[PDB]
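Coming up is one lone chain in structure tokens, specifically the form deposited in one PDB entry.
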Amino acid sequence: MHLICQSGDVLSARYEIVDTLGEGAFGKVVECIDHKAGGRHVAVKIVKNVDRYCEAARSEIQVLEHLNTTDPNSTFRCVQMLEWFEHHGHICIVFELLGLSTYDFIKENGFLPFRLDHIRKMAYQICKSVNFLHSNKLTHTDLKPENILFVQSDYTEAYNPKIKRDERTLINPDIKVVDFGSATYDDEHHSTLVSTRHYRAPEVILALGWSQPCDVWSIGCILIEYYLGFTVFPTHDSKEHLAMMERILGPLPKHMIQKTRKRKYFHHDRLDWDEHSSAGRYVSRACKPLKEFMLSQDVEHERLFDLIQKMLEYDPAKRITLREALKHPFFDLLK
């Protein structure tokens, strides 16, 4: 991979790499000048030459052809694929060039949260985009701030020598959704593990089956993050994650606890969790009932938190849908 991305390299005798934009499990994404479209800059995703990532990338191309055909204007804000090719046996998918990921924008600002007026506009566009997937018998399964990109470099930035970095101020918060390598059709085989730990729904953790509602959970976690500047589930352990859920959202529904085949996590009908261990006191300390994360009691803030709370319903059958979410009072201001 290192051997076929470098600045100056030309892919498919037209795409000149000028920069690396990002990396994930799949491989890398680079910025290219397209010398055969008048020098337009594009994003090219170069996939690892590994079976599971090759298959995920053919899956992604297939989803993109479907979404881009269904929604040619990108009204529902799924990234447009321009084409795909093979480069030294790696699949390369060419995209319209977007701007920063919401992850990178927040991280590089020192994990400062987005303005509430921006979160409103971004939440709406994310729900509108993922609900278009939901309407078309798809679940994304891997919604996270890294997979939400600003459309434009509609921001300013100045070097602040006090904190020795650039601060980026957002002008227009318009986003698109990316990465359809995990996106699963209703009728296809559902992977057991989906989503990256922090944005994974309880039905996924407990292996109870999943579909569209697990996207809604993920979006709930994103909105939290946008508001605070960090996750409420900062963990790398499934049981601790569940312990964190219990502290933030209250006890798991007995019916999910009792139904799960992931019984290692439990003892009779409670999380097998030592609250009085130093790991348990860590969770109690770091985690609090959701509403206590609110930075203002202002109604606008209550409206967002009420949507977040419905998005983080434990029971996927009770969880708000995005169709419902798009009608929530938090978005009334947009209309």
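Positions refer to the first chain, counted from 1. In this text, rigid core is short for the largest set of C-alphas that superpose within 1.5 Å between two forms. What changes on going to the form deposited in another entry:
The one residue among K162, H189, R263, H236 whose Cα position changes by 2 Å or more between these two forms, with the core held fixed by superposition, is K162. In the core-superposed comparison between these two forms, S74 has its Cα shifted by less than 2 Å. Superposition on the rigid core between these two forms places the CA atom of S153 2 Å or more away from its counterpart.
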Contents of the next structure:
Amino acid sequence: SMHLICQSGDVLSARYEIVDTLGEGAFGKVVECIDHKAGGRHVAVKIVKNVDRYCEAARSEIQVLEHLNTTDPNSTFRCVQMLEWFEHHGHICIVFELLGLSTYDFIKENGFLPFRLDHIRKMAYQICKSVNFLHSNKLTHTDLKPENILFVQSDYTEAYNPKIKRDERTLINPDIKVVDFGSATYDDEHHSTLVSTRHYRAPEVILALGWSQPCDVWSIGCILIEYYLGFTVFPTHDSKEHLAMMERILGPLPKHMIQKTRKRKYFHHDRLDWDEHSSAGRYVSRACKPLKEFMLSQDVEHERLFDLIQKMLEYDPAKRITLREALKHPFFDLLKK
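Now that we've seen the form deposited in one PDB entry, could you pull up the form deposited in another entry?
Here we give the lone chain, stripped of any partners or molecules.
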């Protein structure tokens, strides 16, 4: 159905001519359009599936972005700018400023290579600043992941690197914006039991212990390590295995969280019910290892980044570093005058 209305050359709302598809998600797709009203300026138009779940998210997003874009009209805090919304053949469509590739797609197109540390520093700072602005306004994003962090411009330079015997892309400008506010939840609204894309999901969410702003900090930690390594650190699609990967990289879960959860199926006698000597078990043991062993250098700047990641990946959300504190971490000192 969407297929029929999202084609190159189609005109939306008597104004936006589709150029082609930028990306696709469970919610629908985002297409690049020429805005014939605004002199031909290109914009991004998100076309939402005509399915209750995604319509409701889209309506919620529209409310959240009107609030954020009004509170911060210049995008000082780097939330994407929504321009307008309309309906096309029964689909909600939301128009945004046109950005570049997601950080995820950039990594993927570069053969799953990591970003350079100086870029990670800048991107991390901006992600923290942006999501902290949400947290200051009684909001939790709940779905932070590299697909939802987009470069303002994703242009790169490309040269043969003799060291790794392959061509390699170097990002020119690492500035980012945060997108997708369809799951963003206010402190005083209903909190769904399940949030976040699995790989970025906090342990309090997996264990259904209740969540708030700290779950975003966990997701960010997962994003940073992925920017450093070039790959997803919890790539599994199974909750128990995910928890087993956590234990191998970060150590055992806190006993008090284990005791409090209603997800008894993961546990036996307050320990993860996980056979380490099963095949899945041996894979987890050989693929995963303690966090600091992932470091590619012992240089102090790498140590600083890993200290920050370690603090973001604190199991107990009440002890996890806040984004206000993260912005003052030494890893960011090089950014300051």
